[PDB]
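Participant: The lines below spell out each chain.
Protein chains: 2
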Amino acid sequence: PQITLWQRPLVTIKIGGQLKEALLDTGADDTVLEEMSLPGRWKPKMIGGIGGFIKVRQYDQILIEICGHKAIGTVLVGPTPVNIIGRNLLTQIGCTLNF
Amino acid sequence: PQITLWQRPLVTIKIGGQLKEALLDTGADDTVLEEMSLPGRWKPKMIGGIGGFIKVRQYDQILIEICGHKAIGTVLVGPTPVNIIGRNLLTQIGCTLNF
Ligand SMILES: CNC(=O)[C@@H](NC(=O)[C@H](OCc1ccccc1)[C@H](O)[C@@H](O)[C@@H](OCc1ccccc1)C(=O)N[C@H]1c2ccccc2C[C@H]1O)C(C)C
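If you read the sequences in order, they're chains A and B.
Under this note's numbering, the first residue of the first sequence carries the number 1, and numbering increases by one thereafter.
Under this note's numbering, the first residue of the second sequence carries the number 1, and numbering increases by one thereafter.
For reference, chain A alone in the conformation it holds in the complex:
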């Protein structure tokens, strides 16, 4: 589809049997979701954005469904105010910026 930016580009994602709302964020290198439970081992990581850094838990090889498109990648879980789909997953669904 083609998404205009008059409003925030929010989409429904399916992860770990859960349906959630997330922002398609071209300004984010990684994908970060609000606190939740995911299977497997995880490692600590610090990510920085506007305002400073936050501590998150890194999970690798996580399957996420974005608008029907299956994508595999690293997902960070932590105290983010909004769920963010970053570039590591946007590339997998063939998402591009056009003007």
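In short, the hints are calculated from the structure, not lab data.
Please note that the accuracy of each hint is not assured.
Said to hold, decoys possible - Pulled a few chain A residues facing chain B out of the computed Cβ check, cut under 10 Å:
| no. | residue |
| --- | --- |
| 1 | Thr12 |
| 2 | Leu23 |
| 3 | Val32 |
| 4 | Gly48 |
| 5 | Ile54 |
| 6 | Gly94 |
| 7 | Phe99 |
Idealized CB from N, CA, C, for every residue including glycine.
Please build the complex by placing chain B with the ligand on the supplied structure of chain A, with the hints as guidance.
Facilitator: Just chain B with the ligand now, with coordinates in the frame of chain A:
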């Protein structure tokens, strides 16, 4: 043009007669640039990102050229980690997300 996301979507912008690099960020409601001098009076504003909030200076009706496209709008100046072109200006140059 069409921009893929395997790398950060950085473009050259021209403002105040000078060239700078900025990130096309669909996850940003507004445009925020690193500390610099702009004309006119400014108003206060607080913007919240991944790690908290920061105080910025808001300047209105500022001319800014993004990849050759001229835009005139609101620009925030403050302690941002990188120059960010947000939705307020992305819509002016007709930028959309596609997949
Ligand atoms: C390397 N670090 C990154 O890539 C990081 N990347 C980032 O933090 C990006 O910033 C550039 C950035 C790039 C590299 C390094 C540092 C910063 C995001 O796209 C950021 O822009 C956006 O985050 C999502 C969000 C949306 C809505 C509410 C709260 C958070 C955000 O904070 N938006 C707010 C904003 C920004 C500017 C002006 C106004 C407003 C209001 C909000 O929309 C993370 C995600 C991994």
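Participant: Each hint should be assessed against the structure and marked as holding or not.
Facilitator: Hints, one by one, checked against the model:
no.	hint	result
1	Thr12	14 Å, violated
2	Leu23	6 Å, holds
3	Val32	7 Å, holds
4	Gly48	6 Å, holds
5	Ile54	5 Å, holds
6	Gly94	5 Å, holds
7	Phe99	4 Å, holds
When each numbered hint is compared with the structure, a violation occurs for hint 1 only.
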